[PDB]
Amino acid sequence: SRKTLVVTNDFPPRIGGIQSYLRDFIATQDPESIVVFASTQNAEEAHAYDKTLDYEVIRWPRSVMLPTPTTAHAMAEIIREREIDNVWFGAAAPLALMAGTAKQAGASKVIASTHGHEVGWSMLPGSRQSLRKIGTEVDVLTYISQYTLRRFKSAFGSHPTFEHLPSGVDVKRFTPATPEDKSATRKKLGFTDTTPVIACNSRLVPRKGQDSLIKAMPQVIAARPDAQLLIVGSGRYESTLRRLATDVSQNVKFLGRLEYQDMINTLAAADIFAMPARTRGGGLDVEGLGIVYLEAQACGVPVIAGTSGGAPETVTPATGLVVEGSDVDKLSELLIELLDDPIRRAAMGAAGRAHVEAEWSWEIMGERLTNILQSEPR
């Protein structure tokens, strides 16, 4: 078995996107074949977290791990002491600038994972040159969507092999609701078995299209007067969303940031999941992939996704629909059409569940990572 050193500034107990990504990917591998080299934000909290793991974490006694001679030296000595075959930079920019040292230390394969930030790095002359330097020294560059790949591929260059490695979804936690649980969840919310329920789980920011959803509601409500739009999450755009929803107040619920299981129960009890993501910020405010769409499909719920970035890549014609959020007439039409067809909804949700089990689970994605880490270098 090939042994992997994960080099990262982004590791639990700190909460975040890359932290969750690495935690869950590492858990899919043989713990004996994994070593982590991570920065330390709070010493006692890090020690307490590492104590719970079945694999080794070597803590760098700095609040931020940066590409410096001292960090590179420490990485190099771990590579040799633990007989490391693969060096995996959990986030490419800027730590994968130490990839040269990793090969010097005797590693036979260097992997670096990109996420969202590298897209913006391809827009500036200096940051683009850094991306090229990473590309020239990295054997495998992973990406979350075909969209992000298109945005930064030319910057990295042709030296590395490019591999699709997005986050998976937990198909045991995100699972279709039993009739009992679905009925009870609705009653908890003050609804019934007959209530039309549209769920939107996402941070409350303009690009997620909660505003687009709210603007589509008047037509939805006219057709189905008891239809409820559930806005689940928190963010700075909340006050604007509430103002937008003023004339549809009886049919729009701001539930705030729900507890993890409560969010899942609410999601699984919905008739439709909708999040019409749009690209903003001059092309830089973009949906990299959209794990919420995979979570919905995992719960057996029909999806309406937006046109932004990698969002359309999460669904198939069998599982979901892609729409431009600002198209009020089409969005409301799609919502009414689906709400009025429970058979189509049942078929779409079933297809959603099958889709993620076949292509998006942590079991499937874990296998993808195993293939990268266990294959002989080219």
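For clarity, a rigid core is taken as the largest C-alpha set superposing within 1.5 Å between two forms. Only residues modelled in both forms are compared. Numbering follows the first chain given and starts at 1. What changes on going to the form deposited in another entry:
- The residue among 189, 205, 248, 123 whose Cα moves by 2 angstroms or more between these two forms, once the core is superposed, is 123.
- Comparing the conformations between these two forms, with the rigid core held fixed, yields only the displaced run 119-126, spanning 3+ consecutive residues whose C-alpha shift is 2 Å or more.
Compare with the form deposited in one PDB entry: the form deposited in another entry:
Nothing else is written out below except the one chain.
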């Protein structure tokens, strides 16, 4: 059994995408084979959280962990003292620059995780050479999607192996609603069993395409006058969305950021999950993990996904439809068609559930990580 040190600037109790990603992947592993070396944003909250866990977390008493000589030496000391076999950098850039030190300290395998923003036109000076350095010293680079892999090109060079490691989804928490619960959820929203419901769970930013959905609504309600769009989440773009929703305000609900279970109940009672993510910000504002699509499929709800980044990779033609987010006419058409086709929706939702069970659960994804951490070095 190989022992892994996870070196990361991103770790709970701080909330975020990489925090959730690492927290959940670590949880799939044998706790005796895991040590975490993490930065500390709040020392009292960090300590309280670490007490709940069954594996060691060593806190670096800095808000930000940086690849300095003293951080390198501190890491090296942990590698020697805890007899570490693997060093897994939670984010490749910049911390995986300490990979050389990790190996000198006794680690026989270095893994580094990418998240999709390492390569782009806003890259800082020195960054391309850093990615090369990281590449030569890292044995396994994990990547979240085929899209990101393509975007890297040969930035990391010829040494590392690339392993696909997207997020899993908790298929026990996200689960299809019973008819009774679905009816009760709808009643609490002020709807009935026949109300056409489109749900969108996501941060309220232009990228997620809540604006596209709102703009499609006039056409959708012309076909289905009682159709309801549920916008679940919070973010800077809220006031724009509300402005955009003015002339369809009776058919669009802003539910705010909902409590976890309430959000699941709402998602599971919907007819369609729709998030037509589009790529913006000169190509730099792109969809990464697409977790909301996985959650929807786990709840047995048909999905409308955008063409942005790795979003299409989370669905199959059997579970969802991919749409160009900026094509509002095509979006409303797709929405109307699916709302008029309950038989297909039931089949798409059923296929959605089967798809996440077979390829997206934390049990399935956990196996991939176990292989990376427990295999002999190349």
